[PDB]
Amino acid sequence: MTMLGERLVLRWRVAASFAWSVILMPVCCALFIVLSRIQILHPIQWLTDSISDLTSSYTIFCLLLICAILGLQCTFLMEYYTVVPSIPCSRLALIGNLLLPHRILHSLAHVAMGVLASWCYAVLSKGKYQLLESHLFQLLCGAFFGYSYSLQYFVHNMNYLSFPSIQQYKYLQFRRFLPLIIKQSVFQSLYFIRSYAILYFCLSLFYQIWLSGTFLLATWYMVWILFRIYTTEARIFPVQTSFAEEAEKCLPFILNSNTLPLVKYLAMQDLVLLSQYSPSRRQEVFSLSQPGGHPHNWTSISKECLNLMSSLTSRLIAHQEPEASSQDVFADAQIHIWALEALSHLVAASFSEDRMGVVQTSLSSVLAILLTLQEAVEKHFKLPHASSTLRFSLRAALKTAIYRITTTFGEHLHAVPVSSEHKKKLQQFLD
Amino acid sequence: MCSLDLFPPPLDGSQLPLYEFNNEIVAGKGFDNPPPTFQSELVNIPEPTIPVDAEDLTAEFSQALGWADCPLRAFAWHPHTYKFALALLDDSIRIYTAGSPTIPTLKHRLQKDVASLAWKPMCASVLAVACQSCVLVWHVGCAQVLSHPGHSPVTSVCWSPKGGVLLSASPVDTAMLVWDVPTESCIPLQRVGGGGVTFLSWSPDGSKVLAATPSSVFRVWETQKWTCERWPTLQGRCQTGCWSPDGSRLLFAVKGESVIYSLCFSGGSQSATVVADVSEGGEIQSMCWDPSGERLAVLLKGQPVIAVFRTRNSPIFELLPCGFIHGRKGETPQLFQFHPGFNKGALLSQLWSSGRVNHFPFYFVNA
Amino acid sequence: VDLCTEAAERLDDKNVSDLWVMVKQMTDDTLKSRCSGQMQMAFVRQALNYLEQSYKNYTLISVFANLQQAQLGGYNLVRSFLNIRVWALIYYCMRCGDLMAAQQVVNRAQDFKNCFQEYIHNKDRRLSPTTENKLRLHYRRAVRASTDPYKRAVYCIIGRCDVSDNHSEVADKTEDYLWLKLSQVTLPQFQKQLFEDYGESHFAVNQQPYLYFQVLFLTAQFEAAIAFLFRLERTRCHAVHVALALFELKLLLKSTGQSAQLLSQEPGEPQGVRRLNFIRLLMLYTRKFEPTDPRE
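Protein sequences, first through last, are from chains L, G and Y.
Numbered per the UniProt record's numbering, the first sequence spans residues 1 to 132, 153 to 223, 256 to 373, 533 to 599, 615 to 657.
Numbered per the UniProt record's numbering, the second sequence spans residues 1 to 54, 141 to 226, 238 to 363, 374 to 387, 400 to 421, 429 to 493.
Numbered per the UniProt record's numbering, the third sequence spans residues 206 to 233, 241 to 286, 291 to 301, 319 to 343, 348 to 422, 437 to 547.
Don't read these hints as lab results, they were simulated from the structure.
It cannot be assumed that every hint is accurate.
Think about it this way: if two alpha-carbon atoms lie no more than 30 Å apart in a straight line, the pair counts; the simulated DSS-like pairs of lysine-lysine are [claimed, not checked]:
1) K190/L - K316/L
2) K219/Y - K410/Y
3) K649/L - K268/Y
4) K355/L - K219/Y
5) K649/L - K229/Y
6) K593/L - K193/G
7) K229/Y - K505/Y
8) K268/Y - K219/Y
9) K650/L - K229/Y
10) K651/L - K410/Y
Using the sequences provided together with the hints, build the complete structure.
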């Protein structure tokens, strides 16, 4: 059931983002209209005729076609997004990744939509490019721009959706992304125009073609950026629900269930936040689930964290047993670092807050993993060329988090039951 | 609200403040030994005289007002003993420990334009030194060079009183550096808006981290999962931040303003209350409270002087004007630090522009 | 011991798991060795450890089950238990086997300090000093009649007096009765007492064979425990390996004459000494199985 609600909220957030984009389309159309017919000595007449053509039926038809193309683009973001970056470890792997039937289909879709957009711009650029050799050249430029856009979205992995390290009002994030998007569209249009001119040579016009390419690329970057900023919107999952019916929508289940990975990363960031500032949800995490006195919430949360951690530990000790391998063995370490920090700090606070001592019953357990994990990491740093960015993040989060837990427990940790091997490292860190 | 007005007039040009006796700043003629009941307990912290005769981000953002011309570049007192590090002008770190004629000296190939020194708490053998391009963890092949790209020039580094994690800061990097010394590992904590992080100050017990930026926004960081509360309502940048000996009162000042804003950490109170008006006086450049929570030294730069005040925590936290601490003619107070563990009251070590570091005791003389 | 214990864990029988762990725990002219004062001291302190950990596990289990009423917090555990359940604190502490928590407790509500340390921890070798005469005196004078059951029990424990008092107001489980009477320890006297005066029927071994065993074996009555558990069918094989362990350990006392009954006390032995015919044992034992499993 949680898949359906997640997918519905996702389609509606695609709606919010593509909605900001669809609201933003027509001002861009008017800007292109005023720019393609720039009369420097006749500003009033140029602006008035551009206003009349801005009310002409052909302009409305072009706007509608561009809106349909942008809707196709939003569905593309909805269909081919990613929550983990696409990394070619070998150049042949990149060439293979660009040859997929679905990715080739996406590239063809981009080329076709770009041809449509270029035709719309040419019809909006009233003049010799209105009816079908210059118009064919503009159409070819549009198609090449679409193909290049698909290829670049693949290479720079622009389909990777970056979880915001600091959550901000969508308006501010959009405003910030505005200058970069605009400059990128301009530069990419210029470079692709040069390449397309060379290609057309091998097998007024330049200004209009560059304007059309810049407008199309700007619309694409804005669609991508809006889809990101809105589809990456943080949602707080209710920790424990007054009904078992919302139990699947609670962060514990959604984190332990096989829902789409996007929701997993979202709930991860959400739980990190709640553990950072939400004290009530925290107490509910240490809540004693009735009936049974079980801290089911904290149990499942820590269980997931340590499961992912042991997985990453196995991966590091494995890929260690070359530089790309030891870089990739801990590429997934961001989540592990977040979990280590949050958990060990929660323990550090448990020496004062968990009035039921609900965390104490697993205290020793955690210690083992840490020492164990730490040990493996040392052997990891032992293989040459491995000690020469999630890896360092996990290392730092682990060391700092253990340090916090230790210096919070102070002396009362000397009463904690630990393996003597772990005890030596404990003394070392406390020292 | 405390004004600079109710303080007893500063010691005249010829008198040097010797110690705080019975709430009155006793002046001395440089040879009047402290009362013989106090001279047999003056734990001989070094009173070194370092002659000077023997970047721009780092300068404008350093703790020292005169980093360019003060041979004392940074000071740090260890959390536990009378062990204190002084940063020479040539980036060479000297470590003076009371009761030792040996001068531990540390100078790494990375030691350029030192910004700050932090004795890692609960350990007398670790000193974090902020260099131009990296952090030299000096193990008092003895220097661990920790680098996180972009986190340079390094301006503010502080080892947690947990002694287990050390924060570093960069006015050009929007992500503060969290450094785990053993793993040799650096984690970026990114923040949107405000430019780089220039001054960091974790609360006395380890929950709140006052983070001041070269912009007009200061943030409180709850150390549990590093939660961020933005207080973007400062007319300018934050000059300094002083935590209560208890860590529930964060004292701050906005450079350009001469007020002491007291943020009560009772989700802090969404506004700051004016507590001590240091209007001239002048720019409040540094502020320091004794670990006992009874004495507070506030560095006012216009001769720069230490406004020394006694604070009453109950029933209303207020600043009371106690006196002025000044240096000799031409001696501008460059840096100051209250020794964390002076057992008989308060020990305020003041480093002056000539490099001469003097010790002023505030005697908690029970009536 | 290790081989049998690993066999037992794999066998998945609870009681046997317990008894075997106890065998190990308690195990760490054999007749002369069994009776040596140091040997008695060791067997005792070992059983005391066993019981200490046992009741402390009981404390852990009860508190973790009764969290809601416990207000466990993050000295503490005993307070939590006392909620579910100054003299009371130390009593219930020592009966969970952690003397140091009770030590903190006595420290908080405190020449008497050197004396206290002498009682618990400090060796306190002294010259021409008089000890345990003064304590028993006052105890008989005032404490013996005190209305504080825990206090009088603690006095009994410290001064080795009033051994008659079951002090059952604060001692309800055979576990306790042992722990106390032990802590008051002449070894053969109590040996006969539990073996002879109490006898089997008191121990109602029918349900708790493992108990009556633990009772015997804790008191270094090895031949007894062996014999008793031997009478049981389900326990047979166990005691066998047990006996064998003791045999090589130079820790089993054998009977001299073949036709002796399985348990035998020989003349002139220090009282409570018993002997068992390890041969006659193994013979009668294996006899049931020789026709089938020769290689065995």
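Quick rundown of the hints versus the structure:
The suggested pairing of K190/L with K316/L holds, with an alpha-carbon distance near 21 Å, which does not exceed 30 Å. For the suggested pair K219/Y and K410/Y, the alpha carbons sit about 20 Å apart, so the restraint of at most 30 Å is met. The suggested pairing of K649/L with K268/Y holds, with an alpha-carbon distance near 23 Å, which does not exceed 30 Å. Of the supplied pair hints, the one linking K355/L and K219/Y holds, its CA atoms being roughly 29 Å apart against a limit of 30 Å.
About 26 Å separates the Cα atoms of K649/L and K229/Y, which keeps this hinted pair within 30 Å; it holds. At most 30 Å may separate the alpha-carbon atoms for a hinted pair to count; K593/L and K193/G meet this at roughly 28 Å. Taking the CA atoms of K229/Y and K505/Y, the gap is near 21 Å; set against the 30 Å cutoff, the hint holds. Taking the CA atoms of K268/Y and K219/Y, the gap is about 19 Å. The hint holds against a cut of 30 Å.
A distance of roughly 28 Å separates the Cα atoms of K650/L and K229/Y; the hinted pair therefore holds under the 30 Å criterion. Only pairs whose Cα atoms come within 30 Å are accepted, and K651/L paired with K410/Y is rejected, the gap being roughly 42 Å.
Checked against the numbered hints above, the structure breaks only hint 10 and satisfies the rest.
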